[PDB]
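J.: What follows is the residue order along each chain.
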Amino acid sequence: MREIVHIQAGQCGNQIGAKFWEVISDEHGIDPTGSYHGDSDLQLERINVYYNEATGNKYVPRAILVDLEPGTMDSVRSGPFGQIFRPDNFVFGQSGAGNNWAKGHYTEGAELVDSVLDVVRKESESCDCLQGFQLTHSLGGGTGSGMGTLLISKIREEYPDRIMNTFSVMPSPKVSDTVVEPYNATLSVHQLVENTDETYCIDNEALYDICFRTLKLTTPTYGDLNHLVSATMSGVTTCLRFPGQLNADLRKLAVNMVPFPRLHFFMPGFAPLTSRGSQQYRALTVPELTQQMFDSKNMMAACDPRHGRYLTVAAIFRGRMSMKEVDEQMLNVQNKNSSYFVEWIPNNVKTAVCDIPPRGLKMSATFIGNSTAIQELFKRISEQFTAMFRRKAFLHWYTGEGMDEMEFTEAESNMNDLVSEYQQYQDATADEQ
Amino acid sequence: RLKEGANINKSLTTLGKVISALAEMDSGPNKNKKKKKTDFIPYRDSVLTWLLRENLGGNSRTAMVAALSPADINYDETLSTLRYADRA
Amino acid sequence: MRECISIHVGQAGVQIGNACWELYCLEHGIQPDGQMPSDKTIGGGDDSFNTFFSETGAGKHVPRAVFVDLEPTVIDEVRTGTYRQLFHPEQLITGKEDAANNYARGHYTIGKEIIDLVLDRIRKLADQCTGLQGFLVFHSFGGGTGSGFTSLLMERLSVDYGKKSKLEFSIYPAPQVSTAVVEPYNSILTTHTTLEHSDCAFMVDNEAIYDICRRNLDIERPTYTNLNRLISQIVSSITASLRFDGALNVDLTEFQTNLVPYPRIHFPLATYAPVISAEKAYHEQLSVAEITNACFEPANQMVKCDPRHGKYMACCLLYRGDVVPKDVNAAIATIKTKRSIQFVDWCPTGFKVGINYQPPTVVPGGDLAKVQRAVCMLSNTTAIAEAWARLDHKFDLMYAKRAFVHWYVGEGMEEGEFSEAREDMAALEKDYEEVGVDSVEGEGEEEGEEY
Ligand SMILES: CC(=O)O[C@H]1C(=O)[C@@]2(C)[C@H]([C@H](OC(=O)c3ccccc3)[C@]3(O)C[C@H](OC(=O)[C@H](O)[C@@H](NC(=O)c4ccccc4)c4ccccc4)C(C)=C1C3(C)C)[C@]1(OC(C)=O)CO[C@@H]1C[C@@H]2O
Ligand SMILES: Nc1nc2c(ncn2[C@@H]2O[C@H](COP(=O)(O)OP(=O)(O)OP(=O)(O)O)[C@@H](O)[C@H]2O)c(=O)[nH]1
Ligand SMILES: Nc1nc2c(ncn2[C@@H]2O[C@H](COP(=O)(O)OP(=O)(O)O)[C@@H](O)[C@H]2O)c(=O)[nH]1
Ligand SMILES: [Mg+2]
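Protein chains in written order, with the UniProt record's numbering: chain D, 1 to 433; chain G, 264 to 351; chain X, 1 to 451.
No lab work stands behind these hints, which were simulated from the structure alone.
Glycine is no exception: its CB is placed at the ideal position from the N, C-alpha and C atoms.
Treat the hints with care, as some may be off.
Stated by the list, open to error - With beta-carbon atoms standing in for the labels, derived distance ranges:
hint, chain 1, residue 1, chain 2, residue 2, range
1, D, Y106, X, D116, 36 to 42 angstroms
2, G, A348, D, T285, 54 to 60 angstroms
3, D, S75, X, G43, 20 to 26 angstroms
As the list claims (entries may be wrong) - Partial pick of chain G residues on the chain D-facing surface, computed with a CB cut under 7 angstroms:
hint, residue
4, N295
5, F303
6, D308
Work out the full structure, taking the sequences as your base and the hints as a guide.
T.: Now the structure itself:
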């Protein structure tokens, strides 16, 4: 029985985690109290992936909530699904990081990491066969980035042969909420690129574009963005929990997607997405899902795939559908858009099919791309980083916590190296000498 | 034992890749004198090649010596060694 | 327990404290007597927010404030006023004379024999706190007590506590109007202490507040009460992030992390956007974009300086009420395309955003309309240099002839101190003139193998 431990750190991580536990607790019929009131018999078959069993026929998730400020925890407890979580997993302190990466990594988070690791070790030792971990956090913040990277490092030290996913919300060009986003993002990417098997790229501008242009929401709020995120996180791991014609574990996705160890930054997407009144005007078929998946406006990372080349892509379909349609559609997408796919991989489309769709839909699909265009993201941060590092704009707040100026140089060099491989595979031939 | 073997094999494969990449551009320039940008030699896919970055690359010299036992029982050893020496 | 300790020194500090505590008591449902009927009617709650008020067993709520002054009059006004039974009776007021617009008298001669009592009561209040965040010190430049005693108290606080933030709200002398002949000496003397020992100093000018009251609120004859109420609104907007829930909370450490590039530059300006009368509250939308734009206008600044003559180094927006993130993002994007607003090239990001659900309250007998949305802006720029430069000129015009100097030396000072202080101020201006300069050039290059 494959089982995954969920960790959520910081405000963004906690909010996305709460919404995620409501989407996964409505597909596996779970009452907010924790009882089961579902209808289908397949809901309980694989409940142990996310939930532990409690004595009164109750189910408690494996979530572990971390934060250096208590207030967010209260907002989780005083909520629709606040009582579902175990009280002992609310590990927190006081005097938050204050959007300082150094405080999250070195000064404050170092005191609470021992308690968090105690809880994580207790949760993992009871698992029959641990598949891996998940972490939801934000790179542009304080406790989120620093504590997440520290926990990732410690866990990979203790559990080297287990998958470590990561759903990170990174900075964006125009929608920026902190003035020191570049430093935090750079020092976080310096850690993620080394100690993570899969990283998913999310940014708020792409989600806002989806809300405004596809869903046509007039006044989107953070709930809708977390809704889309939760949809994709549920889509990624659908095959561990349900049967299908062609399964795809997390490890299968990792093996097929990453060609080399350091290229594990992915662009996620979900289909279908319609705006209420338009629902009756669009027929739901596999070609429609394939068309919407590969559209550049549907991506969640604000990186246009047309500026690069797809190293790999993966498509996880949910619903009763014909395998011939899936195969022909993926082959047609590869053949028509031959310029946007790398040439030294003969076939770079993983396909998986699961039988049971979401609750209120007949068919659905999740898309995980790995393309060179992601380099642009890092490059942007690097530019801003140097624009602040040449003058040491806010550097004393970091060096006052026991840091040194060399670490910034290490992080910048590592990000620049990472951009190199992408830029390389990005061209569309190499003949001349 | 399995962990040690896997890590050793990964490091050896990365070292083979970096050595092969280094020799090719070498020959290339030495004859093409062109400067095909600086290509990209994967130094960071392992600590071993990372620490030896200054020695492997740049103006340097390199030579790998391989020993091949002589029995008829160690055939499965010897051939494999040649296959690793066939690189570079 | 995001606790803060408020300090009020001098007449100006005490009056701003009266306005502030009126607003705070109105916000929390605390009656002037000291009791809260809301919990009695409901049966319990968190309305006794620990940020300002400590709850005793009987249900009374005592403020976490400390009042200090050398004139008994200003505090005998509050000891017999409406809020006599709110404050702890120990008010720390020296039954003696006053500093008499003399920094030396307030710092060296009479500032002693009271400072020990103030620090003892600060110690007692601090021991009662768990997770104390910082200090909010209210005083006024130019006055004897508010300058000298504030410098002494800040020095002792920095010696004792050290790592706790110390935010300062102060009244700078205006360019033209003044209420004393020896304001520049006192201000130039206290700058040497506020530069080192404070962490972030917010400056307000009475001429600016008078102009805002005349233009926006249609008040032709304002008094200090209106100015104190505006300053109270600003401080409430600053502190509201750690008292009520919100979409994006901004603590007192994020403040200093995001608004202070270098340690010697912590002098931001402050503005409040929706300053409007009840009659003019209609015929207006008061959307997020409107208030955000109104924050940037030179006419609405609370210090007589023009932002167009300098460059913006950092900006922090704190929204209250019915605000959603997408409107804030749209307003920021709209501002970033304006050419009249220039940002330093070494701060590509520029903006800090915080959102709070609690809307602003209305003080009975006040002048500000009830509004659904509000925003308080805090902006670290280089235009503030101008506000110092004028003062320096005045100081020179008095120090060339050693006018009014014998009063200062008679109370324990020497002449050289003045010179030292002046030099320190000069250095500070130079730092500003150095931080807003553009980067040198590309300053480094690479070639793509030109062979
Ligand atoms: C009448 C009808 O067809 O209802 C649909 C519906 O109208 C549409 C518009 C739904 C609706 O989605 C939204 O309007 C929406 C708004 C903001 C952010 C995200 C979604 C729906 O809310 C979403 C909802 O999805 C589910 O019921 C799934 O189980 C879904 N779970 C949740 O959304 C959920 C959220 C909170 C609490 C409990 C469940 C899900 C999706 C993916 C993976 C796992 C679960 C469905 C089918 C619909 C409504 C209700 C209108 C759509 O969304 C999804 C994710 O399917 C919009 O694109 C689809 C197309 C659907 O036709
Ligand atoms: N905004 C505002 N400023 C005030 C107020 N009261 C006094 N001031 C300013 O304070 C300055 C005078 O210094 P004070 O604060 O009165 O100094 P003090 O408390 O009297 O201390 P001493 O000079 O020793 O008596 C004047 O120039 C005023 O502009 C007030 O209620 N609101
Ligand atoms: N999707 C989403 N993003 C958020 C939310 N809150 C904050 N963010 C993003 O995270 C950044 C702020 O980081 P923050 O959450 O404060 O990090 P933390 O202090 O460690 O919790 C901003 O740039 C936002 O874009 C949220 O509720 N949902
Ligand atoms: Mg006085």
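J.: Run every hint past the structure and note whether it holds.
T.: Hints versus structure:
| no. | hint | verdict |
| --- | --- | --- |
| 1 | D:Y106 - X:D116: 36 to 42 angstroms | holds, 38 angstroms |
| 2 | G:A348 - D:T285: 54 to 60 angstroms | holds, 56 angstroms |
| 3 | D:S75 - X:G43: 20 to 26 angstroms | holds, 23 angstroms |
| 4 | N295 | holds, 5 angstroms |
| 5 | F303 | holds, 5 angstroms |
| 6 | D308 | holds, 6 angstroms |
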